[PDB]
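Have a look below at one chain only, the form deposited in one PDB entry, in C-alpha cells format.
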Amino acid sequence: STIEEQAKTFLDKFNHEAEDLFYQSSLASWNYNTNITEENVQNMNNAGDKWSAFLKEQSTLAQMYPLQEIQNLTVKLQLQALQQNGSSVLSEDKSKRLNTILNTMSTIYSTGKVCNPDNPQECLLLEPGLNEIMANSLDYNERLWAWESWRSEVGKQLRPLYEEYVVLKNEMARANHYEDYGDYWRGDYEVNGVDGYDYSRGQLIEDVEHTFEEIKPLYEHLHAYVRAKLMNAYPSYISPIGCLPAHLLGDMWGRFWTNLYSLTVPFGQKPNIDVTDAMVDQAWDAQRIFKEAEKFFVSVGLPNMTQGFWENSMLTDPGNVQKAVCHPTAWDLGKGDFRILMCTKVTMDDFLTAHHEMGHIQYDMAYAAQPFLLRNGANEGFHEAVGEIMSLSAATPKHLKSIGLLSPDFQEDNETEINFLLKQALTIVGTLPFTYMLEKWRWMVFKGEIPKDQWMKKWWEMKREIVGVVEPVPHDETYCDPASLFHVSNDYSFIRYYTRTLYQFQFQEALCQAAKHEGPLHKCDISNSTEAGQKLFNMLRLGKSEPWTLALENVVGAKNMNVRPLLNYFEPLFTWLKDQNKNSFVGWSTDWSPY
C-alpha cells in the first residue's frame, strides 16, 4: 500500500477523533463563556488541554509522511495544516523563554495602569476612563498628556521584552524553512502545487503596495479635509500644510477615526439615519431582530438557521445572575451545532452586529461538509469580509424602509448620503494606512532591514510619510509605540484587517452586478437577489478545500486582490472631498512637527 492510502486512513481517523474532541472543547468553552463559574472554568481548562495534547500527538504522528510522494491536493493541504511542527522546533529552553515573554507581555498590557501627577491616587487603566478621555476629551493638553503617558509607561517596559520576542520568533520561523516570522505570517496566503492559481508569500507585499498606491489619493484628500476641519476645534496646534498630531485622531492609537465625526461632521444640522427610537415604538426585541435577519438571509437564497440555534443560542443577557461575556460571538461547536452569543439590545448597532454574526454563521454552515482541517474560510480575511458585506447591505436606507423600520414618507437626499459615506470612510479607509504601515514596519523588523537602534525612528518616519501623523513630542529610543497596541503585544497578525477590508468591497461590487444594481455602490442591496446568493454560496461552500485565489475568482472573477471596488464605493465622497479640498494645500509636509 502506497503512502497515499496510509495518509488517507490516518486523515479519516484524525477527522473523526478531532471532530469529537473539538466539539467537546467548544462545548466546554461555550459553557464557560455563557456562565462564568469555577466549575465551567475547570471544564474549559481540562477540555482544552486534552484537545491540545491530542492535536500535538497527532501532528507528531503526521510528520512521519514525507509529503513529497503524495499527489492528492486535498490530502496534501490537510497534512500541511496538520504537519506544521510550530513552536516545538526550537529547543525547550527557547520555548519556555518565548512562552514567558508572551505571557508577561500580555499581562503587562492588560494589567497596565498609569499614575498621574494630578493626584497620588488617581490612576486609571486603559479600557475604561482612558479611552473615554481619548475619545471625547476636547482639551489639547489632557489628551496629549494621556497619549504620552500611556506609551511612556507601557512601551518603555515592553521594549526589553520585544527585543527578545523578535529574535526568538525569527529563530523559530527560520528553523521551519522560512525566512523570518514575518514570512511565516505571510504563509497563510501561500498557494502552491496548483499552476494558474499559485501565489507566493513574497507577492503579498508587492500586491499590497500596489493597492496602497491607489488607496493613497483618497486617503490624502480625507486627511486634508480632517485637518482643515480640526483647525477650528484645536487652534494654535495644527499646521495648514503640516501633518496631524497623534493625540488628535480620536483613539489611543488612531486606528479608527470614528470619534472624529463629532468634529468633522459635514452637515451637523441634519441627524444621521438612526432607527433606534423607531424600534422601541414597535416593541422590537432580540428575537424579532434575529428573525428579520433570518428572513433577509433566506431571501438572498441561503439555508435557514438550525433548529438548535434558536434553542441553544443565548441572544439576550439574562442579567447579572448568569454572567457571560457580552461580546458578539459566533459559536460553531461542530457536528451541526451553531449558536450566537450576544447581549442583543434594541439598537441599530445591535441590529448590524446580529446581521454580521448571522452571516458568519451562514459562512460556517456553508463548508460544514468539508473535513475538520478544511472547515475554515479561504484565508484570515474572507470570513470577516463575508460578515461585513451583510451589515453593509443591511444598513442601506432602502432595506430599512422595506422591512418597516424607516418610514415611507422619507426620501434620502445628497446631504445624508455624503454624511454616511464620510462617517464610513472614517473607519474603513481611514484605518487602511495605519494597518498598512504597521504591517510593513513589522515585516521590516522581522526581516532585519531595520537595525535594533533604529526601531522607533523608522516607525515615526514611516508614520509621518504614510499616515501623515506626526509625533507630538520627542520620543527616546527606549520607547515602544508599536507594542502599545493589542495586536502587536499579543502576537496577532494585523494584515488581515487590510486584505479583508479590500475583499469586502471586492465582494460588494461583485454581488451588485448580479443584483442588476442601477445606482451607486453604497446603495446596493443583495436582498431578493437569488443569483448573487447562489454565486456567494458557491464560494462559501468551498471554504479551505480550494485556494483562496480560486475562491475569489468564483465570486469576483479575479484571481488576485483588487482595490478598484474600494475606490468606486467612495467615489461620490471622493468627488465631494475634491470639491471641498481646495481651500488649502492638499498633502502634508513631514518635516514639520509641533515641537
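Residue numbers count along the first chain shown, from 1. C-alpha atoms forming the largest set that superposes within 1.5 Å between two forms make up the rigid core. First, how it differs from the form deposited in another entry.
- Aligning the rigid core between these two forms and inspecting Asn40, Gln58, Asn568, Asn554, the C-alpha positions shift by 2 Å or more at one residue, which is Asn40.
- The Cα shift for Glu132 between these two forms, taken after rigid core superposition, is smaller than 2 angstroms.
- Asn141 shows a C-alpha shift below 2 Å between these two forms [criterion: core-superposed Cα displacement of 2 Å].
- With the core held fixed, the Cα of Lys523 is displaced between these two forms by less than 2 Å.
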The other form holds:
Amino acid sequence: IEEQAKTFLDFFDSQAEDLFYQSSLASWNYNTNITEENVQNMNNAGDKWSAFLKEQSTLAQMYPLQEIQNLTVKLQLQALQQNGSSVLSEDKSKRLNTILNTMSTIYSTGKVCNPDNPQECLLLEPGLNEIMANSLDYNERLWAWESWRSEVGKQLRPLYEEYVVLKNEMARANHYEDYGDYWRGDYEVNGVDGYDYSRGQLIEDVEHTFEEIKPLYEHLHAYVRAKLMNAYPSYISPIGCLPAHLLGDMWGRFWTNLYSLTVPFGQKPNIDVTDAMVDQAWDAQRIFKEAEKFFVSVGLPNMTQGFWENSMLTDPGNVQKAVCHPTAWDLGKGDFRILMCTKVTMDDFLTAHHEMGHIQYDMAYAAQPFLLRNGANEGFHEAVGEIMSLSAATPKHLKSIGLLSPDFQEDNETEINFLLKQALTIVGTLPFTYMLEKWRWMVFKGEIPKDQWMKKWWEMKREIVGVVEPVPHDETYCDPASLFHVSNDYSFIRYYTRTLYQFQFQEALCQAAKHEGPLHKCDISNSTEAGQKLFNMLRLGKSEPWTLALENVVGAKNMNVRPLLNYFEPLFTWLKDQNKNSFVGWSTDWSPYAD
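Now the other one: the form deposited in another entry, given that the block above is the form deposited in one PDB entry.
Below: the lone chain, stripped of partners and molecules.
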C-alpha cells in the first residue's frame, strides 16, 4: 500500500522537520541559560513534539508493515509506529512516570552525611566522588561507599521492586517478553537476507566475546591487585577479589583512579601536553580549529558557519548558570552545534575531537529521511567519537602538530605506561558493563527473584569482575540502583558494544591508512582512504542494518574482540612477564570482612 504510506511520510516530514526544531532549540536555549523562562519553554515545546509523535504514530499504525515491500518506508513506519508510552492505562502511565521521577530525584538529591562529622554531608557528583577518587584512607573510603549504599541505594530499591513490573507490563503490551528484551530490540535486524540478528543473539555474542576478553582482564586484575596490596597491606588478599570501595569510584566502574598506584614506570613523564598548549598561547578556538583540521585532512567536511557562530565553546564570562557537560548537537534543519566549556588542556583537546566526531557522523546522515537520522545502533555514535579521540592522542600526532617537543623520544617504558592507563579505562570497565547488563536482563526476565537480587548481584560481581563488597549487605539494599544509568532508566550494554566497535574501526581504518607499525601507534590523520572508508558508513544513518553497515567498514557482520586484544597485546605481553611472583585470577570465597 506504499501509495498511501509514502504519501503519509512526506506529510510527516512537512510537520516533523519543524516541530522537532522548535523543541530542539528550546532545549539548547535552556542549557545555555538556565532560567525558569527556558524551563517552561522547553517543557512546552517538548510536549508539543511528543503530542505530535503520538498523533502521527496513531496514523502510522493504519499502514500494516507486512503490506510494505519498500524497506526504506518499512523502516520509517517501524520507527514512528512504536507504541511504547501509552500502551498502558493512564493511571499505570502516571504511576510509572511518578516512580521514574522519584528515582531520578533520590539519586540527584541523595545527600549523605558522616554521623561523626556533619560538615561532610554531600551529593555524589560534587566532592563525595573526590574521596572515592583520591583518598587512600581505607576507612574514609568505606564510610563514603557504605553511606551511599545505605542512604541512596536502599531508598531506590522499592522503586525498582515496582518499576520492573510496570516496565515489563509495558514491554509485554509492545509484544516483548520483558523490558530487557525491549531494550535489546535496538540491535535487531529482521527481514534482510544475510544480515539478520535476533534479539537473543546479543546475549550470545556478548557472553562469547566476554569469555575471550577475560584473559586480558585477569592479567590486568592481578597486576592491579599486586600494586593495591602495597597501598592496602592489611586489607587485600593476594588470591582474592578486590574490595569494591578501593577501586577508585562509587561503584568501581573504571580503574583510572588507580593509575597513580599502578604506574609501571613512575620515573617516566606523561605525554600530557597541557603545558604546550598553555605556553604556545592556545585558547578554546585554537583547540576546535585543530580538531576541524584533523577531520578535513581525511576527507570529511568542515564545520558549518552556524557551528562557528552559535556554538558554545567556553564557559560564560560572567556569573551565568548554564550547563555545559560536553555534548554534540544536531538541532534539525542542518543546524549543528557543540556545547562545552573548553579549558586549555589535553583532556578538553581530546574531548573536542570526540564531540566533533559525533557531529561529523550527524552531518553525514543528514540526508536521510527524518526518522532514519540516527546512528546505526546505540553504540555507534560513541564508537565513532572514540576512534577520532584515540587517534588524535597518539604521540606521533602530538609531535607532528606541535604539542610534543621535536626532541621527544618515545621509548619502551613510555609505551607501557600509556597502554596501562588506557587498559584501566577500558579493560577494567568491560566486565562492569557486562556484569551489570547480564544482571538487569536476568532481573527483567524473572530469573532472579526480588528476594535474591543482591544475593546474585554480589555473587556475580565476585564471579565475573572479581570485586567483593566490604560489607555483607542484605536485600534491603540495591547497589545498581545507586548508579546514574539505573536510576535514570538507561540501557547500559551500549558501552560494551561500543568498545568492541571502537577497536574494530580503529584497526580497519589504520590498515586503510597503510600504517606499518603496532595498532596502538595508529594515526589516520592526513590519510583519505581511511576517512572515506568511514564516511561511507556514517552517511547511512539507520537506512541499513547495523550488521551491514559495520561490514562495509570492518569486514565483519558482528562484534570482534581481536582488535582490542591486538591493541593491548604489547601490554599483555608485559603483564604476562610481570606477575611471575603472584597469582593470576581470583577466588570468590574470601572477603575483606571475613573472620
